[PDB]
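> The residues making up each chain are set out below.
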Amino acid sequence: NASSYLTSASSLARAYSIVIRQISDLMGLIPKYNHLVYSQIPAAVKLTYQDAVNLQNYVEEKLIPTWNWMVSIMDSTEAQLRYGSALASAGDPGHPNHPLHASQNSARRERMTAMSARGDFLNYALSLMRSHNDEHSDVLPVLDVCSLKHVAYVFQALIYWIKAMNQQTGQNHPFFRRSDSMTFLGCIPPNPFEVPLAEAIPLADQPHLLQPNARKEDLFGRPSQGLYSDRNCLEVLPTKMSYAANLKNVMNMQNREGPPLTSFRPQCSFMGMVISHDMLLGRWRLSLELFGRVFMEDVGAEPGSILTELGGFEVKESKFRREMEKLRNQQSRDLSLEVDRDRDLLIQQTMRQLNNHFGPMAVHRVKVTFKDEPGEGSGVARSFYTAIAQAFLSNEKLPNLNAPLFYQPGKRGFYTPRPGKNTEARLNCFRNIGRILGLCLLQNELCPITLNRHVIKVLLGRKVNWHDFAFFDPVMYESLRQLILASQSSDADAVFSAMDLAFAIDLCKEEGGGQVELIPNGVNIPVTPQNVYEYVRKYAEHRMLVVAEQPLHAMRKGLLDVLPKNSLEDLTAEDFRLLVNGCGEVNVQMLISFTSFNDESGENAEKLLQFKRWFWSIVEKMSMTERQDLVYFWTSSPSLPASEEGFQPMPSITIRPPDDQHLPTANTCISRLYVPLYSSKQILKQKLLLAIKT
Amino acid sequence: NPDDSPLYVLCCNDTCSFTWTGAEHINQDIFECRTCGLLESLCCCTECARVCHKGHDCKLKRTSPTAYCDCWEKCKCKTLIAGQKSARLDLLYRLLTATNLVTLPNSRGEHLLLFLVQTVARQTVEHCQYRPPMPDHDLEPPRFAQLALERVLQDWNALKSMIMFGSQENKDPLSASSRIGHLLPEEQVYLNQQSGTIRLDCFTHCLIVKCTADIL
Amino acid sequence: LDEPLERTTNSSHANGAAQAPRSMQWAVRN
Ligand SMILES: [Zn+2]
Ligand SMILES: [Zn+2]
Ligand SMILES: [Zn+2]
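Residue numbers (full-length UniProt numbering), protein chains in the order written: chain A, 1773 to 1886, 1911 to 1964, 2016 to 2076, 2091 to 2117, 2162 to 2264, 2271 to 2312, 2501 to 2793; chain B, 1164 to 1296, 1314 to 1396; chain C, 1691 to 1720.
These are computed hints drawn from the structure, not numbers from a lab. From the three backbone atoms N, C-alpha and C, an ideal C-beta is built for every residue, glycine too.
If you want a taste of the chain A side facing chain C, the calculated C-beta under 10 Å gives, among others:
#1 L1853
#2 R1880
#3 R1883
#4 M1884
#5 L1936
#6 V1941
#7 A2061
#8 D2065
#9 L2195
#10 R2198
#11 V2199
#12 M2201
#13 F2696
#14 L2708
#15 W2715
#16 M2749
Pulled out of the complex, with its shape left as it was, chain A reads as follows:
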């Protein structure tokens, strides 16, 4: 509530962006002027072809210096961020001067007080003088991107204008190309054959890297840009930190009846060359990522924002959750269910009742009742969800109405359907599984059943490519990659006439039988010098799409019975995994940030401060199976939601007056745990390990 320079600068930049958007909307109506303007309004002027060219030259002349200002500032900021990222991977992480150190957190520096003002300015000035002549080695640069809000509005306006003008086989087969969920705009994707799996798709090798705050770059590989050496400024990679040097390069590369109105087509030309917004987005990728991270609440609220279009997990999950809440509160039809705690009668009653209920849906609430057990809270539905998940994922038999439904293709913790000579019972079971996942997505709960990436991509309606096979079976993915890499060797037929593979494959026991051909005419066509890409793509689409087409279609129809075709649009496999299955493993930091610590004992042992520390040390020193049993004792679910908005009751630990006689009690429907205050840390640990087993 005080006067500041930055507030006025941001407000003036917002006004400038509004006027630039209006100018863009006015210039976009020129080729359809006589249809949209000179057919409805009684008063309009006459527009010729040469006047549009004069207007385009006028506008391109009057937006030069702000363009130079923005491009110089963004180039210097991207150079500083890229040098910081380069120095982060070449230095010692144990040093306090490393970028990935705990001392570099801004919130940790404020909490540590409970350096001087001269030293901060002296370090800023010393970083300013060293950056002029490229003398800034082994020093982290001093900058604040959060004070650059007025630059982002001008950048957004100019990208809006550029985007508005722009929009107005063997190896080169569309099976080995990544989709939009794994590429970067304006950047060259990595080679799928010459790069091993450890540094191309690190999410396939390490599935535990999926976090709600995880970046895209460390999950799908490092992109590259082919910009070096070329005389224009936009064709050279920005490596200099100085604003003056970048401004010098920008200016030096700067000053280095007729046709009908329908045929007018503007072209973007600032610096003597055609400019696309894709290479501008790829040129400043780190700055755009940080701008989307820190400037979403105000800069990202503008109409036609490029930060919202390039949003991550938190942008899409909020929109999906509010649409789910609106569609849930739109109708008032309830669903009731009665089950019992076993396997066979549980799955039989589930199939019967889920067939009887709409044998799109408009389910408002879901109520579950256990037979010969009390309880009517919201945690009973979560207990039913984890019970039906562990019942479907278990491997004993098929409980009448024969193969087990799911199997693991080679990665632990992920499942794909087994066809097993599909009758009407298996298809109805898969439709029921899809409807169960649909109601779990609708009711804001977590169903602990985990599918592979291609299984999720079939449900969402996305094309399966060669890179999805790494999430199916990684070792033979690597073996086939080495087979492609050796298929282009200089010896050629020397390695081809060694094993003499054919176009028939021996399937495993779960997939079916064996000796199944890929192409017509069967085994009599061996591997030629040039057929290997075709053999790989037929093998991949046979093992991912041909064997289990009917269960995937049944699950897609079951998911579409509850959810419409307007919510799965602009969703990905990873946020589908994060919204249904949660975060997977259980961490300590989010569980710390979710708790409330209600106090009702009234006891003042050093104002507590030691029982809570002992409790969190007990949780941090606990095995993950016991952690999942702990979380099952909180809210009757083995997994945590991805964010705070997945908890309709907030989590709560509530202390009690001290009594060393009873185990802590659980109220599942309000997500509360009443714990009595104890004395010894070992006593607390023993009581917790005895309470979690139940």
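Assemble the complex: chain A is given as a structure, and chains B and C with the ligands must be docked to it using the hints.
Quick look at chains B and C with the ligands alone, frame taken from chain A:
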């Protein structure tokens, strides 16, 4: 090893501080050896940390009270005897104009000029509390680093290697930009764009601010 | 230590610097 060079060893062979201070309690820099047992109250001077304790677990303590080099009590101190001064200067004169050992830094990444100017800036503060009249304690404080600086600064190899330090054709073993051959080509470009000026700035600061007793 | 042991109820008054990633945390303040 870079700490076994004859020029560096010849520069850091100074007279031990017990030879010019007896049982007094002057203000010095205090080092601790885990190997030799100089732990609680037994201490040693800086020349002990240089010549003595070279491969040991010797560290510098920040909370340093006054001490008087209890190095001869626990081990055989190699710095109690000073050699011939004129032959030492003649050896420095001959080694400066015949070899290329002045362009090689030591194991701490320091040039010879930076080490000499830091020794001069330390000895100017430490040597002003000398009062003129078990080992012998009746010798003067050592004055060799001033003459060594005056000789080394009269050379267009040492000044060139000191001022052009951190450039492309000069490798510092304790810098993150020295070993970048296993990284991506874009990161190598970003790391090879810049040049290092930390040690040059430290040398200039130690020459100008910390040496307020001479102009020569 | 330094990490808080409970929720702070988000305290309002946010500048967005806490939403920065771990790799780019040295480039933001407050
Ligand atoms: Zn020792
Ligand atoms: Zn000594
Ligand atoms: Zn000694």
